[PDB]
Amino acid sequence: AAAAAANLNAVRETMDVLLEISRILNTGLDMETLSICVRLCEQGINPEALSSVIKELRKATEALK
Amino acid sequence: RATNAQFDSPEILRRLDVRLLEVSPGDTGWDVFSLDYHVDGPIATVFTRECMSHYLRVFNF
Amino acid sequence: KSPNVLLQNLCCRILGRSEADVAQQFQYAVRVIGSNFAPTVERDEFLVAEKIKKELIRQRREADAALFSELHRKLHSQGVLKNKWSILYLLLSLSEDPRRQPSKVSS
Amino acid sequence: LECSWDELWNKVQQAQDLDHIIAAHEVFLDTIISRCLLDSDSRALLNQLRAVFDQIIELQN
Amino acid sequence: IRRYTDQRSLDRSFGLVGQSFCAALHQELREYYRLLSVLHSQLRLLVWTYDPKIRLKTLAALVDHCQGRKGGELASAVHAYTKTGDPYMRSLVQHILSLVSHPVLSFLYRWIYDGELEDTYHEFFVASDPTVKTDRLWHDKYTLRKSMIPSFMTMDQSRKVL
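Line order of the protein sequences matches chains Y, G, E, L and A.
Numbering of the first sequence is given in PDB author numbering, commencing with residue 11 and proceeding in unit increments.
Numbering of the second sequence is given in PDB author numbering, commencing with residue 606 and proceeding in unit increments.
Numbering of the third sequence is given in PDB author numbering, commencing with residue 7 and proceeding in unit increments.
Numbering of the fourth sequence is given in PDB author numbering, commencing with residue 727 and proceeding in unit increments.
Throughout the fifth sequence, residue numbering follows PDB author numbering, covering 304 to 346, 366 to 484 in sequence.
In silico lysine-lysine, DSS-like type, Cα no more than 30 angstroms apart, as pairs:
hint : chain 1 : residue 1 : chain 2 : residue 2
1    : A       : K455      : A       : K468
2    : A       : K482      : L       : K737
3    : E       : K7        : Y       : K69
4    : E       : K88       : Y       : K65
Quick caveat, the hints were computed from the structure, so don't treat them as lab data.
Work out the full structure, taking the sequences as your base and the hints as a guide.
Written out as structure tokens, the structure is:
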């Protein structure tokens with residue numbers, strides 16, 4: 011709708027702020043991946059589970075290269 | 606006691622303790638060693654509480 | 007959304023490959039995420055902020071230790087996320103020392 | 727080190743006030759942080775010196 | 304002057320210095336009751371009653387000026403009148419000055435010897451901060467409040483006491 015798109019703006023603010031914390035910690039995630047992680051934190055997610063899967067998937071693009 | 610630093614008074618080395626230096630994102634153990642001198646009581650203001658942190662910052666370098 | 011397709015979006019993000027060509031990683035993903043989907047330890051944004059302070063003090067930038075306090079301030083300011091500990095613990099666990107990274111501009 | 731501590735020892739010895747063991751300590755610290763490179767101006771200089779500090783540990787291999 | 308000294312001797316929140324000023328005023332008004340008794344017995367005598375038009379002229383200024391003052395700022399209005407050169411007015415203001423300086427200098431015996439301030443109404447420059455006695459009362463727990471610094475003392479005097 012319209013207020014359904016101004017709500018996408020109020021998240022678009024946050025994903026600009028979360029992009030800056032991502033670069034000062036020198037991480038490998040970018041702007042596209044972080045939008046998946048935010049929806050996952052909406053349902054509730056364990057970040058001790060999310061770090062071990064990313065530590066495998068980043069080696070999965072290097073083992074099928 | 607296995608090198609000669611053992612003639613210092615027991616109170617001053619007793620107040621010495623080890624503190625862990627700031628967490629590194631999986632770097633060397635050289636980054637996680639500190640010495641911390643216990644200060645509390647009346648002398649906590651004389652050896653100013655604000656000063657001690659910067660003093661440890663000097664010892665890091 | 008639906009929790010099964012969201013893990014399937016993640017494996018198309020990190021690997022460039024199609025999703026009917028990778029099916030081994032998506033099985034290991036349900037193995038780790040499944041039956042541990044809720045955090046097995048409690049949330050605390052207090053500790054993870056003080057460890058993001060512990061990394062920028064170790065680089066000896068005390069302007070960025072208060073710059074990060076303004077980014078964590080903006081995170082509370084929007085408030086569209088209810089687990090502010092989760093997304094930051096992730097970036098903390100994935101942290102490395104840049105010795106650099108001066109382009110901070112916020113908002 | 728010897729220069730700042732010499733002055734600190736002198737200033738605390740002659741002083742009759744505990745207050746002047748807090749203005750002597752403060753300037754003692756302000757001196758140490760300006761002689762070393764941890765000050766806000768000297769960061770760039772320290773950031774230059776870090777580039778030398780990688781080069782030495784590479785020697786270790 | 305009668306209205307002023309009756310209200311501030313039943314107002315105890317004006318400090319115990321406003322009531323000492325009131326006590327001093329009662330002493331001065333007491334002597335004007337001597338003269339009126341002598342004058343009542345004689346009953366134009368213009369002359370007898372003009373010399374109090376010099377005294378009461380001073381008295382109205384003294385009272386009207388010291389409105390809104392307590393603590394060491396009332397020691398900065400009775401110190402307003404130690405800046406005179408007429409010995410009649412200088413004698414008028416002395417035996418006011420001692421009474422008003424007395425409670426301040428009483429607190430200044432528990433602050434140059436052992437003791438600590440305890441007053442219900444602030445009349446002393448120390449305006450202490452409660453419960454910062456954890457270990458940091460060698461840092462600010464005793465604020466030098468400038469309004470209750472007496473103006474017979476100086477800054478070098480008011481910092482050395484603390």
